[PDB]
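For reference, the chain that follows is the form solved in complex with the ligand, supplied as structure tokens.
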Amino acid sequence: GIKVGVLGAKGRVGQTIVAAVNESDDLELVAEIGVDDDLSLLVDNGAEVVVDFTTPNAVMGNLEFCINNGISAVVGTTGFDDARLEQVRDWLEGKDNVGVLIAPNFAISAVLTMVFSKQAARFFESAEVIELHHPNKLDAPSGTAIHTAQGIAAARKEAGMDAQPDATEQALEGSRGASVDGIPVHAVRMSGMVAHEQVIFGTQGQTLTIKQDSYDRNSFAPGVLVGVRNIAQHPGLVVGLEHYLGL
């Protein structure tokens, strides 16, 4: 008895959420809204939480409906700049029984990787990020690797640390990665692979590495279920799955 609706129920990601919800013991799928269905269906079937993987063009309207009918929302749809977040916050004002989670990344293991990398960064002199993807990826490095590096660098700055140890004299071009706020980032492009990351931290005598591996590109359901299960404790707007992790 969490009654759950899914917007974008027939999309690439939405299907996996319908499946996940059907497998669970505690969640009941009361509505599957695709592009042509009225949202009033969520009201009728008494949805309490909704999960949204739709489009940037649809999501603000739908979200406004949900919030205005008292339904909490777990939103994976992208496109949320500051102005849009300010819009969601404005709608939520004075509504203590409604929560919204906007998570630009729902891959629970990518998220824990960023969280743990930030916590570790205080304690090690050296930090590098290696990212590996299928060779059709256009952008290098990946957005996740850029974010991870920026998080480490902000952690290091907050702890007042030095920039890092390195005796390299005239490294060849490219050998030392892309420098992102002082953190080397290396991007590997490899047939057979999907999406992977390694953060390697180093200090006297030892290292710590945090590795993230996706064996396929449609594994958002564990993160989304963390959202659905916990949103009743997070009234108002929360941005980022990390804030639901209880860390």
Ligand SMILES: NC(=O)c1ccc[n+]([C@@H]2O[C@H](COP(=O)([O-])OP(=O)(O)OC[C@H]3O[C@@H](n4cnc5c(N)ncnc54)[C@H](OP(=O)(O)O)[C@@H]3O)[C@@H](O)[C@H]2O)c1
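Positions refer to the first chain, counted from 1. Note that the rigid core is defined as the largest set of C-alphas that superpose within 1.5 Å between two forms. Compared with the form deposited without the ligand:
Would you generate the structure of this protein in the form deposited without the ligand, following the form solved in complex with the ligand above?
The text that comes after this line covers the one chain and nothing more.
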């Protein structure tokens, strides 16, 4: 199938991806890079696609390089203001034989969840979000949670909906979660847990719940391979795995 290099291949993250390639039947693992060591090496080895996790300082450089030498790239490095997107967009004009994908999330379950919730939202009068995570976690609600809710809120504003039913005569502080474009979001910090979302939708007689659960820090990898196995047919720049999923 595909020849593949990895950048930042020695982090926690690196190793898991490294392995995932080897383990895969259809993907030949063709390089590895410390962080800032010599990129040339990709071409020498003839890599078709790279997976990048480099410090946002480096990232833009390797990007330019990869694009220049026709290599497509699957990026999960953070820090992409619309300036940086605009840089990349610019790098990519009239090539149509090379792609970039920037996935702020690679947890397919998470992604799919985001996706489906958007699709579902127009049919249910009620909709809330609940998010759960180990207690060490710095911020509440999770980013993912927040995005979910915004996306729901979108789907509703579009396809013009009201606000949702709630006959709560003066509720207790905290008790109805954080409002996020009118979507309640509840954050639960629980020793033993890892990372989990749960989106509930309500209508007459029924509910639909979509819930994602990560058991383990390495859930990104299936994401990344979906990227790698398909970037090859998504030239140019894409942001969000959702788009690679063909939905």
